[PDB]
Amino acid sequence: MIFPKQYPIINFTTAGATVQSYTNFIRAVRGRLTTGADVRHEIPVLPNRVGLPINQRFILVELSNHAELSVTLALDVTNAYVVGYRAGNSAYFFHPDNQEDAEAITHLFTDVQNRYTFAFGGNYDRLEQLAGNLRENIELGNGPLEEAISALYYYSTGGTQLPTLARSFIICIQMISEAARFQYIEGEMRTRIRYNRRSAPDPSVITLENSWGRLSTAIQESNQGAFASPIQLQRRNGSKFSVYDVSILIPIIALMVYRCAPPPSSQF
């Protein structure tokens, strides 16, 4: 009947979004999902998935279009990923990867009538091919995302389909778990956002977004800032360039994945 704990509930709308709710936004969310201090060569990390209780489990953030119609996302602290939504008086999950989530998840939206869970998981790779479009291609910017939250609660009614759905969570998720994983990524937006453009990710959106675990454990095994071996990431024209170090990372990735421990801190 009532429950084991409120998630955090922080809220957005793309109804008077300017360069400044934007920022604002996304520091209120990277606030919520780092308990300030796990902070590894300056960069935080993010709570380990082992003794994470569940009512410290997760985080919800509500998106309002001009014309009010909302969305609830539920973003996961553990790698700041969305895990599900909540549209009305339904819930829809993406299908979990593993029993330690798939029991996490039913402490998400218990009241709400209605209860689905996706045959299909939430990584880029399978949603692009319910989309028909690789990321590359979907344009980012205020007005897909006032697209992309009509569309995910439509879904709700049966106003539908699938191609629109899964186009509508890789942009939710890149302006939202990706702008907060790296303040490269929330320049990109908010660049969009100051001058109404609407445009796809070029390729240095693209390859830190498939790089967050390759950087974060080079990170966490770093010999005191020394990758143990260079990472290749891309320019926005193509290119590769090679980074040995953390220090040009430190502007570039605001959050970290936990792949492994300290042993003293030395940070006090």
The other form holds:
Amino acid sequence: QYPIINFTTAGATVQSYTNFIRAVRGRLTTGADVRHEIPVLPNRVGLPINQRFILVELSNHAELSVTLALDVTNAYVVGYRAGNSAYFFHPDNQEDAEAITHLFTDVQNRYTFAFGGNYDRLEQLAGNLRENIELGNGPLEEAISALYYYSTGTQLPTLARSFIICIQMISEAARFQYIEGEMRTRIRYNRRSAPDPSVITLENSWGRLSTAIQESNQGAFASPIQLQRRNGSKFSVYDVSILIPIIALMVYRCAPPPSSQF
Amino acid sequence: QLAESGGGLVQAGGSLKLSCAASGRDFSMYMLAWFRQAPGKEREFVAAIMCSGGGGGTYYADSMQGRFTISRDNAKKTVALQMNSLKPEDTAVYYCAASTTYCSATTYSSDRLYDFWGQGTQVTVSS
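Having displayed the form solved without the partner chain, please output the structure of the form deposited with the partner chain bound.
Every chain and every other molecule in the complex is listed next, the one we just looked at coming first.
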């Protein structure tokens, strides 16, 4: 089977959440592929299916639990399994579709949504932008419940909001220690609050950065990447040097050229 | 909004064809199915087709399998039901069903999974 990472919200602390995200990261990459100090995720083309996913099992304030499946090539969530059923976002190509059929194989019920995991559809399904969807311990606990009772009937809107919560707190937290940081702070000071423009813009640009960083001149971007501060103030990124404490993982965009010695 | 057309009248053992034309960009991601009600019987699952990204497998009920065939034209946003060697049992009103929530499901046969329904069209088989 696939590697499994566990985490409970009930007694979750800053140490528990940090241990959780630090372990998820360690499963996503060897890695053993590092460029400008940032680890790269394995290349999708030719990834053997036995190495293609990781499993994240989430426990509620009640014992009820849900197991999430994350695509190793981009750390994104591809679907989940409530105990008796398995749900999957609509893949965008055949090879992807084939790959998920190796997930939760012993389950009895097997569904594939008529939509993908991209934030736009999830936002229209939830009725709210992630800008307007609180995150933190409370929201995650609350989310991982509606993900169980969906197989038993909690309509789509409330379900979509739960994905939005989980993806940011897990998929994005692994991608960005900055996003991991903000989650860690919401737990330390025990607050629930939506993400600010720095988190949202970081999410939107994780692929744009992965291209820039891997296609940079010794870390110099061929063109600047626009981001936003916590106050919504825009600013341009010209160099890998400043993202090193911000981003933790990149999607493989190309082979690593020979190093420029001397 | 499912627009169903093409019933008809046929001497037993012949052929007809029903078509359903949808209007929606995400049409390619829909689980699609046909249901029929024969008078005296309740509404009955007939056939289903999975979205391309959901395997795309086609499924039929045993009493209709072989004789019938379901297909979609994603470019034309149309579904088809080609019926061959029609028995008089096959005289019924037929419906299209589309799942906007679902691409593929082990429980496809359930009418509960489908959100949109074409207007029933009459198939008559004489002998």
